[PDB]
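Residues per chain are reported as follows:
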Amino acid sequence: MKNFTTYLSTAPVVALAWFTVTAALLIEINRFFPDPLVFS
Amino acid sequence: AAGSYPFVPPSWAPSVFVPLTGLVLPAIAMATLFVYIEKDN
Amino acid sequence: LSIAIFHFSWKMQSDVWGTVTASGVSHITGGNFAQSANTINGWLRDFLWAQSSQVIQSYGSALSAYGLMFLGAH
Amino acid sequence: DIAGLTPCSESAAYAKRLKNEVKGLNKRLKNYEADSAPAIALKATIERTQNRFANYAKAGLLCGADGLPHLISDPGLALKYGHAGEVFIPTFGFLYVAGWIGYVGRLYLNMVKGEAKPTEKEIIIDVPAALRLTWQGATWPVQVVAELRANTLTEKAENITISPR
Amino acid sequence: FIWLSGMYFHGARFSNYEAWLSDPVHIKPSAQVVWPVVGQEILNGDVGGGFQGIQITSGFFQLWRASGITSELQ
Amino acid sequence: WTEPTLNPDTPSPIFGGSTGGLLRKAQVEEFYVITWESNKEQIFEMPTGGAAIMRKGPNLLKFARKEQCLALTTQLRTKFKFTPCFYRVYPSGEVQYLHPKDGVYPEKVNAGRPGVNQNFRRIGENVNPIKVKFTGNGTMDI
Amino acid sequence: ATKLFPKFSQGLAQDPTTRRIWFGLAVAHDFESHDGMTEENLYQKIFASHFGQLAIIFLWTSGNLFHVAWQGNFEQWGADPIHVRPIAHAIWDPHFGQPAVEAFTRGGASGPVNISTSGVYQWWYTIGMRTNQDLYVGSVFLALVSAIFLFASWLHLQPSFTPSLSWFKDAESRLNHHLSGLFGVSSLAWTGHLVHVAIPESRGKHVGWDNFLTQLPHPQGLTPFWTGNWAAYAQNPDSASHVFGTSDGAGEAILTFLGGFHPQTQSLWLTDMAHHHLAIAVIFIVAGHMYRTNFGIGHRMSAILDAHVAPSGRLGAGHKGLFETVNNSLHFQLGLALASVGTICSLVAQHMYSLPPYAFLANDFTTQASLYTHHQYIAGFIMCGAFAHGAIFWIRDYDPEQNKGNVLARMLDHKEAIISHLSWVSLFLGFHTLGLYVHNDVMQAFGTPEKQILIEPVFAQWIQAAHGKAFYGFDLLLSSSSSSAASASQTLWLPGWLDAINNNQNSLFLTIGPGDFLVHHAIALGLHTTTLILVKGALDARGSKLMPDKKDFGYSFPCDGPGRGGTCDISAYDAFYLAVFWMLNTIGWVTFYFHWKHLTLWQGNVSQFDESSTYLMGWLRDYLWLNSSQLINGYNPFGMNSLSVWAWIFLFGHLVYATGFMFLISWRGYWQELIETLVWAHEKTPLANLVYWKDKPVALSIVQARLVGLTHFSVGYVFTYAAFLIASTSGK
Amino acid sequence: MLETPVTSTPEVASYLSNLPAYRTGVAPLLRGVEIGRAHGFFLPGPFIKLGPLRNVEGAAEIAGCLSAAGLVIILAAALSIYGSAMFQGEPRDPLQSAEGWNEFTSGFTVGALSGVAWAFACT
Ligand code: CLA
Ligand code: CLA
Ligand code: CLA
Ligand code: CLA
Ligand SMILES: CC1=C(/C=C/C(C)=C\C=C\C(C)=C/C=C/C=C(C)\C=C\C=C(C)\C=C\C2=C(C)C[C@@H](O)CC2(C)C)C(C)(C)CCC1
Ligand SMILES: CC1=C(/C=C/C(C)=C\C=C\C(C)=C\C=C\C=C(C)\C=C\C=C(C)/C=C/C2=C(C)CCCC2(C)C)C(C)(C)CCC1
Ligand SMILES: CC1=C(C/C=C(\C)CCC[C@H](C)CCC[C@H](C)CCCC(C)C)C(=O)c2ccccc2C1=O
Ligand code: SF4
Ligand SMILES: [Ca+2]
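Protein sequences appear in the order of chains A, B, C, D, E, F, G and H. Quick note: the first sequence uses this note's numbering, first residue 1, plus one each step. Quick note: the second sequence uses this note's numbering, first residue 1, plus one each step. Quick note: the third sequence uses this note's numbering, first residue 1, plus one each step. Quick note: the fourth sequence uses this note's numbering, first residue 1, plus one each step. Quick note: the fifth sequence uses this note's numbering, first residue 1, plus one each step. Quick note: the sixth sequence uses this note's numbering, first residue 1, plus one each step. Quick note: the seventh sequence uses this note's numbering, first residue 1, plus one each step. Quick note: the eighth sequence uses this note's numbering, first residue 1, plus one each step.
Errors might be hidden in some of the hints.
[Unchecked claim] Taking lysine-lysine and the DSS-like style, the derived pairs with C-alpha atoms no more than 30 Å apart in a straight line are:
1) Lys39(B) <-> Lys696(G)
2) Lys11(C) <-> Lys28(E)
3) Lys133(F) <-> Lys694(G)
4) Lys108(F) <-> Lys62(F)
5) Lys19(D) <-> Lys58(D)
6) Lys320(G) <-> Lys25(F)
7) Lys696(G) <-> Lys66(F)
8) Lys133(F) <-> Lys684(G)
9) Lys80(D) <-> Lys27(D)
10) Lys694(G) <-> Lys131(F)
11) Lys121(D) <-> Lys696(G)
12) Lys545(G) <-> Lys62(F)
13) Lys133(F) <-> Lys79(F)
14) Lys131(F) <-> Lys169(G)
15) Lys404(G) <-> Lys25(F)
16) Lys404(G) <-> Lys415(G)
17) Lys28(E) <-> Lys58(D)
18) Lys39(B) <-> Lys169(G)
19) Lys696(G) <-> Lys131(F)
20) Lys45(G) <-> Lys62(F)
21) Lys133(F) <-> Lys545(G)
22) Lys28(E) <-> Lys27(D)
23) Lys66(F) <-> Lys205(G)
Simulated from the structure, these hints should not be mistaken for laboratory data.
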């Protein structure tokens with residue numbers, strides 16, 4: 001597990017995770033607060 | 001040599017200048033240069 | 001390969017694909033491959049430019065994804 | 001007002017853009033039975049459209065004859081006339097997150113520098129320490145200035161390699 | 001295999017194969033449905049057959065038909 | 001050591017022939033002749049294209065490029081650990097012993113070699129082009 | 001054996017390959033490199049070469065006048081300039097088929113002819129020319145001038161008439177003479193044409209060489225000028241009812257400041273153009289009397305440059321030690337000249353569309369479009385040369401020890417700062433300018449146009465309101481009459497500037513929308529990027545971590561080998577080579593914005609541009625695709641019309657453009673080895689082996705192919721667009 | 001370079017040696033009239049049947065042989081400049097010499113135009 005976690009830390013894996021979370025966050029934000037053209 | 005301006009080209013000028021400049025003139029230039037370019041030193 | 005796919009796209013739309021009507025068939029392009037393909041302009045005016053209308057006007061329709069990809073591809 | 005930009009609330013074209021756009025979806029709803037998922041969906045698109053085409057006007061979005069909302073960039077114009085929510089306020093929001101991301105990155109870089117083989121902590125990222133530095137960038141503006149007023153944000157010009165002139 | 005299996009699954013749950021079977025001519029094949037977000041739901045066009053998705057061009061519906069597949073349980 | 005003299009009657013390796021060898025330059029301009037001494041009859045690869053059976057003892061092959069001869073030279077010096085030597089036969093017959101032209105293959109230092117093209121300054125101590133402008137002389141050579 | 005073709009380069013002369021022929025044409029006008037070149041001889045050769053270029057320009061102009069007179073419709077077009085189409089020349093094509101002979105008979109002729117888009121007609125009318133004789137006389141005159149310059153090239157190259165290097169390095173005087181004589185006495189001289197010939201001709205009154213010494217330009221005469229009452233020359237201006245070339249509505253003024261444009265011609269008034277040249281001429285002559293000569297009173301340039309050092313030492317030694325740098329470097333001077341000429345070449349295009357300076361120029365849309373695009377492109381090539389020669393200066397003629405602490409040496413000190421900061425601006429402009437186009441395109445595709453981001457160009461609208469534009473409603477400066485500036489000009493050009501600026505049928509300060517905002521920022525991206533490429537090459541011209549000895553390797557060298565990873569395109573010639581592409585991309589966007597903004601203006605569908613431009617899809621379908629419909633139909637399986645040549649050129653441009661790719665995508669090696677096989681085949685082929693090549697066939701040089709492909713690439717981009725810009729504007 | 005059945009068949013190595021170019025011995029002019037007529041007579045063909053006025057009556061053969069004559073003359077000039085740019089030092093076969101080529105070119109120009117006339121007299 002020490003070496004599996006090392007692999008899950010490599011750049012390609014970490015970037016895949018970080019982006020997925022960021023993408024999902026934006027998607028979910030528009031899902032509940034849609035059409036955000038202005039900050040009102 | 002007629003009307004007002006005495007140097008108005010004749011109607012056959014195009015039927016001579018265009019043929020000469022584009023077929024005859026270029027051939028002379030290309031051939032003359034070719035000889036100079038290949039001219040030995 | 002590009003010319004081959006263009007040759008198939010145009011030949012077929014012009015000489016095969018169409019609707020069988022009473023006495024005659026209506027080809028997608030009305031059988032213009034023969035006289036319009038012997039020149040490079042015909043391949044641009046009667047093929048590229050003429051058939052590019054659908055993709056350039058796909059915006060706003062279910063096909064709008066292809067218009068976006070068409071430019072993205074360029 | 002501003003540059004001949006009429007408010008979308010008073011913009012007739014904006015109203016037509018609503019009428020014609022909801023009609024184009026109320027003609028795609030007819031070719032479907034009242035309860036089909038196709039129809040539940042097209043009715044949501046009509047509701048969402050009718051909400052957006054009103055949230056915008058209620059936000060006082062000036063739009064031209066086109067009927068499409070326009071944004072004001074000048075801080076004075078945006079502030080003086082209550083158009084700060086567009087561009088102005090959004091500007092700082094990005095700047096804060098942008099500097100946050102950059103500051104956290106440099107914090108990590110300068111920690112792995114020195115540490116054993118700094119080159120192998122850039123490929124196999126130290127997710128633990130990377131997760132202990134993310135929140136440190138929340139008050140990045142406070143820390144960044146404290147570094148300018150201490151000469152530690154930049155490097156001395158006699159320690160940076162330069163190409164032969 | 002994963003790719004092939006996914007095609008059958010997408011053609012099992014999110015597809016109009018059964019509707020197409022009854023009227024193959026006037027119904028366009030579709031087996032890709034987009035989520036209703038960022039107005040991307042426009043991509044779900046009326047392929048006919050009580051279905052709003054993306055017209056596929058992979059020839060799988062006609063392949064399944066010639067395999068006998070007559071339901072989304074197969 | 002005495003600059004070896006070419007024996008133009010040296011058995012040549014066995015090869016059917018290739019559309020990739022000498023052209024008009026060999027006669028109008030010049031050509032080169034590599035020679036070596038094998039221990040056994042072995043197949044080698046020609047720097048021009050193909051395979052050839054080298055003969056036992058003296059061998060002689062002709063090329064139209066020095067790099068081609070040197071290529072075979074390194075091949076023999078490495079694949080067969082031979083010590084090949086090549087010349088430059090001009091159209092008049094003037095053979096010029098090209099390699100090693102000393103007996104000691106270039107890589108090895110040997111007293112009796114003068115220093116040619118040797119600047120005794122750091123590459124970054126060369127003058128500016130303006131100092132050699134209108135002088136028709138390179139900054140490195142000056 | 002050794003050849004003679006490359007007389008200047010003995011190395012090329014001794015080259016056994018064919019490269020000697022190719023390079024012999026390239027390294028031909030780089031005398032600084034010629035074998036046995038002295039600085040004085042270089043200057044004398046350049047000075048004579050200048051005369052040769054001046055002979056070509058005048059000979060070129062004479063030919064245009066001759067063909068317009070011998071094969072043109074000037075008098076007919078002059079009678080009806082809003083219906084007759086100016087004829088450039090006749091098409092004597094021994095290959096034309098009968099339908100081609102019929103379709104190209106237009107503009108009123110008896111044979112196939114070519115309508116002109118140069119706009120010489122409108123210009124020659126405005127300046128006084130009315131008949132074909134005026135053209136014949138002018139052509140002969142200019143032809144004689146060309147002959148004179150040609151003799152001068154010979155005279156100034158023959159001992160005793162060859163200027164010394166000292167004369168070539170006499171700056172103070174040269175500038176004084178050029179500013180007072182070349183610029184000033186040539187502007188007052190022009191006012192003399194206008195006041196005496198152009199203005200009278202526009203008011204219907206032949207004042208030619210036959211009656212100029214007897215025709216009073218002004219009714220009062222020189223009396224008002226002598227008495228100081230100069231105002232008399234600005235009374236009774238031509239009324240709005242005036243018709244160009246007619247006494248109808250004609251006035252008596254010779255020099256005035258009405259502003260705006262003549263009503264019928266829709267072009268700047270002649271009197272306002274007369275007083276302009278008079279005013280500028282006075283300034284130029286006075287400015288000419290500044291530098292020192294051989295009398296005493298005057299300014300030594302060196303002193304001025306050395307006396308300008310910031311006391312805070314922020315600019316180091318300031319401009320001290322720069323006079324010699326500019327005076328002893330012919331690349332530094334050429335770069336400044338190209339930069340100045342380039343920038344002014346653009347002013348001509350930006351100020352000639354807004355303010356038509358010639359009669360009936362606006363009416364001719366095709367001319368207007370083809371003139372903007374011509375100058376804007378020529379300007380771009382000139383700018384590339386400016387930086388190009390600047391990089392050559394850094395390597396061939398920069399003394400790092402003399403320029404020590406001067407503003408020029410403290411530039412390389414912060415070379416990274418300048419280059420890196422140009423990188424950030426380019427990225428910022430690029431990431432955002434494009435992002436707000438894709439964002440709008442997505443909204444257009446998803447049928448959510450309201451959601452698309454449309455930022456308003458408020459900053460530009462205010463500069464427009466400041467000039468008097470009222471549409472915006474900002475009431476700023478001229479927009480507000482109660483202002484100081486507005487009230488001050490109210491008695492001069494103001495009354496006209498407004499009438500004209502507040503008319504939407506012309507191009508004076510056109511209404512800008514959010515569509516213009518995006519394209520303007522895109523133009524900035526091209527300006528910054530193209531600049532970054534050239535600036536990076538100029539600063540790294542003689543230095544770089546990868547190639548610290550670039551100066552020793554000269555300016556144009558292929559690469560430093562595959563060593564250090566890759567040195568491909570590392571020479572400062574390759575910053576030019578690459579910058580050219582970005583320059584074409586930048587100008588492409590600017591000349592496409594002009595054309596669409598104006599085609600929509602001329603067709604009356606301004607909303608078309610005000611909406612389609614917001615998203616990129618509109619630019620392609622509504623502009624390139626929609627307008628190309630006619631051009632492509634120049635020749636179809638049913639027939640051909642007068643737009644056949646443009647359709648043929650349009651495709652021809654694509655061919656040359658694509659051919660350029662091979663020389664850029666493919667590299668020297670596959671071709672070289674291929675040529676080797678070809679050489680073998682010919683030597684073996686019987687009956688053909690008899691004939692042989694004198695020069696050994698070799699593949700194009702690494703740098704050579706770069707320029708050959710780029711010339712093909714550029715020629716295409718020009719012909720392909722010239723075809724569109726002219727056949728789409730004319731077709732309607 | 002690789003003696004192949006093709007580039008060795010004594011029949012084909014003999015056919016080549018009777019062609020008026022490998023037949024060294026015949027005076028270069030007579031080795032030019034031979035080659036000239038051979039390359040000149042067949043030239044009119046392509047212009048007579050597929051040229052601009054190929055479907056006009058009577059003037060389809062005069063125009064073919066007139067055009068051919070034109071090219072024949074063009075071919076002559078190229079032959080001449082070739083010798084001038086190849087025999088600067090007037091480099092066995094006298095054809096491969098300065099004077100040799102100047103007499104071959106002339107034989108070709110007077111043989112090809114004679115062949116072009118033979119083809120018109122054969123229509
Ligand atoms: C990014 C560059 C930029 C640009 C091109 C402009 C451009 C403009 N700004 Mg501005 N502004 C900027 C940055 C910029 N601003 C920033 C960073 C701030 C925050 C400090 C402001 C805060 C600001 C204010 C408070 C106001 C402007 C205003 C204006 C407009 C007229 C003011 C002027 O003459 O000059 C530019 C002025 C400034 C840059 C700041 C000084 C404030 C000005 C001088 C007071 C002028 C008030 C008066 C009503 C303006 C008359 C405009 C005319 C059409 C009637 C003008 C189009 C005026 C406006 O039109 O709003 C109603 C105004 O009131 N700006
Ligand atoms: C800690 C990461 C980091 C930071 C703080 C910066 C900071 C900077 N970069 Mg940079 N850059 C980065 C990463 C980073 N970069 C990476 C990974 C690349 C390769 C794609 C680049 C490529 C790049 C270029 C080509 C340029 C800059 C430029 C700049 C300067 C202009 C400011 C700007 O707008 O940012 C610009 C940032 C970018 C253009 C792209 C980077 C954006 C990424 C997403 C941020 C990095 C996040 C990082 C992975 C977080 C690590 C966290 C850690 C726990 C693992 C600026 C000081 C410009 C410059 O030199 O100014 C003179 C410029 O020309 N950067
Ligand atoms: C009154 C004295 C005088 C005058 C009139 C000139 C004039 C000239 N000199 Mg000169 N010179 C002088 C004194 C003078 N010199 C002295 C005393 C010296 C000794 C130091 C020199 C040393 C010298 C050198 C070494 C050189 C010159 C050169 C030149 C020519 C520049 C090339 C050109 O075309 O410019 C023309 C520019 C204008 C006429 C005005 C510029 C206006 C801009 C560019 C555009 C304006 C366009 C307008 C707005 C609209 C036009 C519309 C329509 C007409 C198209 C030019 C004709 C160069 C040369 O020989 O070229 C052949 C050059 O090499 N001179
Ligand atoms: C359509 C073709 C094209 C495009 C789009 C570009 C674009 C660009 N060129 Mg360029 N160029 C081209 C052709 C092109 N060039 C050609 C044919 C040549 C001749 C060889 C050159 C020669 C050239 C030179 C010499 C230079 C440039 C430079 C630049 C950059 C200028 C700075 C900028 O605007 O940053 C803006 C950034 C963008 C527009 C990128 C958009 C953001 C990306 C696409 C999103 C991130 C990825 C996304 C999420 C998904 C994609 C990846 C995913 C699949 C993983 C820019 C990105 C300059 C440079 O390098 O900058 C320092 C420069 O030096 N170019
Ligand atoms: C008001 C405002 C705008 C006004 C802009 C105007 C008028 C002027 C702008 C000047 C600007 C934007 C910038 C000048 C910057 C100059 C310097 C020297 C600053 C450099 C910043 C640096 C070096 C910091 C880098 C960072 C550090 C060290 C750590 C982290 O913070 C990350 C990072 C990289 C940010 C407009 C355009 C209208 C629009 C509306 C917002
Ligand atoms: C041709 C032409 C042109 C060109 C031009 C140029 C470039 C130049 C010219 C020039 C000229 C042709 C000029 C004129 C001159 C004349 C004169 C100049 C005369 C005068 C007279 C008198 C009598 C006066 C005297 C005096 C003076 C001088 C000074 C003061 C005093 C007095 C007044 C006494 C163009 C292209 C535009 C187009 C059209 C054609
Ligand atoms: C095609 C190609 C060749 C081969 C191209 C050759 C050999 C050019 C052949 C041209 C012949 C001679 C005909 C050209 C016709 C010209 C239009 C004639 C006039 C050209 C000038 C005199 C103006 C290269 O050598 C090369 C080298 C490096 C990078 C890319 C390439 C590359 O792409
Ligand atoms: S590929 Fe060509 S340009 Fe690149 S390093 Fe090698 S030789 Fe030089
Ligand atoms: Ca007159």
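We went through each hint and held it up to the structure:
Distance hint between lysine 39(B) and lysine 696(G) is fulfilled; the C-alpha atoms sit about 15 Å from each other, no more than 30 Å. This hinted pair checks out: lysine 11(C) and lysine 28(E) have alpha carbons roughly 24 Å apart, not beyond 30 Å. For the given pair, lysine 133(F) sits about 35 Å from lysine 694(G) by alpha-carbon distance, which is inconsistent with the 30 Å threshold. Between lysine 108(F) and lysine 62(F), the direct Cα distance comes to roughly 26 Å. Compliance with the 30 Å bound is thereby established for this hinted pair.
Restraint check: the Cα-Cα separation between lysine 19(D) and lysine 58(D) comes to about 17 Å, which is no more than 30 Å; the hinted pair holds. Using a Cα cut-off of 30 Å, the hinted pair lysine 320(G) and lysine 25(F) is violated, with the two alpha carbons roughly 60 Å apart. Note on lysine 696(G) and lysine 66(F): the hinted pairing holds, with a Cα-Cα distance of about 19 Å set against a maximum of 30 Å. Distance hint between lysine 133(F) and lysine 684(G) is unfulfilled; the C-alpha atoms sit about 48 Å from each other, more than 30 Å.
For the given pair, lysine 80(D) sits about 43 Å from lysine 27(D) by alpha-carbon distance, which is inconsistent with the 30 Å threshold. At most 30 Å may separate the alpha-carbon atoms for a hinted pair to count; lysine 694(G) and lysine 131(F) exceed this at roughly 39 Å. For a cut-off of 30 Å, the pair hint linking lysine 121(D) to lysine 696(G) is broken: about 57 Å separates their Cα positions. Our distance criterion of 30 Å between C-alpha atoms is broken by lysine 545(G) and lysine 62(F), whose separation comes to about 45 Å.
Taking the CA atoms of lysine 133(F) and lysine 79(F), the gap is about 50 Å. The hint is violated against a cut of 30 Å. About 20 Å separates the Cα atoms of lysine 131(F) and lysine 169(G), which keeps this hinted pair within 30 Å; it holds. As the CA atoms of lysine 404(G) and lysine 25(F) are separated by approximately 55 Å, the hinted pair breaks the 30 Å bound. Of the pairs offered as hints, the one joining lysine 404(G) and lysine 415(G) holds, with about 15 Å between alpha carbons and a cut-off of 30 Å not exceeded.
A hinted pair counts as satisfied when its Cα atoms are at most 30 Å apart, and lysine 28(E) with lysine 58(D) does not qualify at roughly 42 Å. Taking the CA atoms of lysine 39(B) and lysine 169(G), the gap is near 39 Å; set against the 30 Å cutoff, the hint is violated. With a CA separation close to 37 Å, the supplied pair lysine 696(G) and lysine 131(F) exceeds the 30 Å bound. For the hint pairing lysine 45(G) with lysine 62(F), the CA-to-CA distance comes to about 51 Å; that exceeds 30 Å, so the pair is violated.
This hinted pair checks out: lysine 133(F) and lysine 545(G) have alpha carbons roughly 25 Å apart, not beyond 30 Å. For the hint linking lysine 28(E) to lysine 27(D), the alpha-carbon distance of about 20 Å falls within 30 Å, and the restraint holds. For a cut-off of 30 Å, the pair hint linking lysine 66(F) to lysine 205(G) is broken: about 84 Å separates their Cα positions.
Checked against the numbered hints above, the structure violates hints 3, 6, 8, 9, 10, 11, 12, 13, 15, 17, 18, 19, 20 and 23; every other hint is satisfied.
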